[PDB]
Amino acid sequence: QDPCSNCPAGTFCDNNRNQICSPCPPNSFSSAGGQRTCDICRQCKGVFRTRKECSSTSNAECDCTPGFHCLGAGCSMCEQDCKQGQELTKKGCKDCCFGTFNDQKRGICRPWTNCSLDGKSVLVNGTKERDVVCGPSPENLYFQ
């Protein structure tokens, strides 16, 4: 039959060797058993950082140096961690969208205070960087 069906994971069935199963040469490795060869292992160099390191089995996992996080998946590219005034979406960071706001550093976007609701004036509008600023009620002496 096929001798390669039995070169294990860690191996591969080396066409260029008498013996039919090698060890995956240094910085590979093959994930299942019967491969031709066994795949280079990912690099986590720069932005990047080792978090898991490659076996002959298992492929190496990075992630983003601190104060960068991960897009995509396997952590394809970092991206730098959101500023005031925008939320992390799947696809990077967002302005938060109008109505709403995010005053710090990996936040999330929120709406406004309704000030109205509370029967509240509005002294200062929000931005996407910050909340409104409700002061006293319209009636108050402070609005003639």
Second form
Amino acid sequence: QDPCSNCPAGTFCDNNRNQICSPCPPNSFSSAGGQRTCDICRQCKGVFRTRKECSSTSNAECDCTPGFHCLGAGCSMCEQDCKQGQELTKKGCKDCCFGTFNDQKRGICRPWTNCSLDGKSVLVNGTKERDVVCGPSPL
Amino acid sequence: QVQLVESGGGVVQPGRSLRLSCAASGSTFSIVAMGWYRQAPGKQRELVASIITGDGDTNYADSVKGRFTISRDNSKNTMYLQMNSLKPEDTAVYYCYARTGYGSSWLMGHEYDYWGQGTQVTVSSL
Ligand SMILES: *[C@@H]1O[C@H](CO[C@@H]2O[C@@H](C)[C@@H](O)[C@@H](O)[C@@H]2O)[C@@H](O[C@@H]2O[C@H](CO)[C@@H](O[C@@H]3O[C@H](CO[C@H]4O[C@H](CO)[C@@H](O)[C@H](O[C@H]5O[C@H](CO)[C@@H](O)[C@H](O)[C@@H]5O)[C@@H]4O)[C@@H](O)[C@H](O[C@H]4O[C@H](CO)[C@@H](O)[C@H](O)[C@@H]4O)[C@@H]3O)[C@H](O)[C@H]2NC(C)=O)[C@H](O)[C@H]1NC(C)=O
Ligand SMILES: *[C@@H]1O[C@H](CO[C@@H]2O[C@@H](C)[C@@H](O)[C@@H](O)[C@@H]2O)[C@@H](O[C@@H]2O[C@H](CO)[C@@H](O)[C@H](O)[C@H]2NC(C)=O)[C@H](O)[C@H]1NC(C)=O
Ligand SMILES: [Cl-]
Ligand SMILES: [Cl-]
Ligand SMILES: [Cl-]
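How about the form deposited with the partner chain bound, since we already have the form solved without the partner chain?
In what comes next, the whole complex appears, and the chain from above leads the way.
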């Protein structure tokens, strides 16, 4: 096929000389086979804190500093967490609007379940923190 | 999955107290919230008190605010209703009720709800 195609993970295609598959520099990785150059590891700095170490074979995986939660794919960015019974607004955490609720550190206030719409009485009213608990069918 | 047994019914003069017990059995982790319902002959089923097993919040009916107390004990896997200052109107069949989810949701392998057999509570004098 190509010379450079059983090149294992942790290595790249080299020309200058007698190495086909030379290993990756430090702070670089290639999980592929035959790569042309090794990718430079992700740095987890500031808001982010390194969860997994960087390796020749696999990239470093970013965690997200306590107070924040991981967001998007691969922890692309880091969003501030509120307590339950709040959602994060433009200005910062705010209490849920009356008749909405949120039971998580992250996320948006959702509205209470309407029990009548599903044909049940209410067993327990909701709070900012907690949903409604529908009871049985009436009558 | 869940069985509920009532205890502690009986007859009492007005103003005396009584304490209902509802013992849960089997898949008790399924239970989220519980309550007491009552049914008088002629009138409709009335919710009396409810409770969140987790956090322990209670809802009472106006007609018993102040007089009744609903409580829970996870160790004994039981729910209590303390009924003080009983009135003639309190006379009804008390059913114990249990739910397995929030809103109208229920836990995958279990029942949306469960009931007990009911106990009879009578308040007339002499
Ligand atoms: C859960 O949602 C419930 C249901 O929501 C609604 O219906 C279902 C089918 C869904 O499609 C939803 O999308 C929809 O919004 C909700 O209960 C509803 O609440 C609204 C008000 O919030 C009710 O409408 C009100 O009616 C008042 C009293 O009028 C009564 O008596 C009249 C006597 O003739 C009669 O005309 C009227 O008939 C209408 O209601 C019946 C149900 O009984 C309905 O089926 C029928 O189609 C008729 O349209 C009714 O019985 C009005 O006075 C009041 O309007 C006044 O206030 C407004 C304030 O802005 C003024 O602008 C306005 O001009 C009036 O002065 C009000 O609009 C609605 O009918 C009711 N639906 C049902 C089926 O009961 C429930 O509250 C939710 N639960 C929680 C936890 O939020
Ligand atoms: C449990 O919920 C109902 C709903 O009441 C409304 O929403 C509540 C969260 C709160 O905003 C109430 O003040 C609202 O009225 C309660 O039933 C109400 O009871 C009152 C007093 O008799 C009556 O006048 C209201 O109209 C009722 N509302 C409706 C639509 O039926 C119930 O008592 C609540 N119990 C609690 C929080 O302990
Ligand atoms: Cl830093
Ligand atoms: Cl996270
Ligand atoms: Cl006991």
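Positions refer to the first chain, counted from 1.
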{"query": "Rigid-body rotation between these two forms - hinge position, chosen from 100, 60, 81, 21", "finding": "81"}
